[PDB]
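*Asks:* Letter by letter, the chains look like this.
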Amino acid sequence: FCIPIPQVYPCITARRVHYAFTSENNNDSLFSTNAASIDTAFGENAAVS
Amino acid sequence: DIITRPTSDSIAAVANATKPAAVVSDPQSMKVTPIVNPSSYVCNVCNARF
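Heads up: the sequence lines are chains C and D, in that order. Note that PDB author numbering has the first sequence beginning at 1117, numbered continuously upward. Note that PDB author numbering has the second sequence beginning at 77, numbered continuously upward.
Quick caveat, the hints were computed from the structure, so don't treat them as lab data. Using N, Cα and C, we set each Cβ at its ideal position, and we do this for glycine too. Hints should not be assumed to be uniformly reliable.
To be verified - Residues from chain C that face chain D, not an exhaustive set, calculated with beta carbons under 8 Å: (1) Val-1124; (2) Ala-1130; (3) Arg-1131.
Take these sequences, add in the hints, and give me the full structure.
*Replies:* Below you can see the structure in the form of structure tokens.
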């Protein structure tokens, strides 16, 4: 699988081509994103549950 | 039979002045791979590849 790295500022993203993606929510192993920064601007804004 | 009377110097200078590059390189280019793989070629009848 290919996943974009979450960014901390509003960026300009190039249009990308994707083909694969699952059918359920198999995302439980994700802990947090941009932990060291103040906020996630573009990517998946995951936070500690 | 053919001939070619060369164009005037003035208009040539103007034309050559305005010539943007037709192939510019930038990181955000919307890349798309070929639909059919150009590497291998398959015999459509006996499926022999080359």
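*Asks:* Now look at each hint and say whether the structure bears it out.
*Replies:* Here is how each hint holds up against the structure:
{"no.": "1", "hint": "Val-1124", "in the structure": "violated, 19 Å"}
{"no.": "2", "hint": "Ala-1130", "in the structure": "holds, 4 Å"}
{"no.": "3", "hint": "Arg-1131", "in the structure": "holds, 5 Å"}
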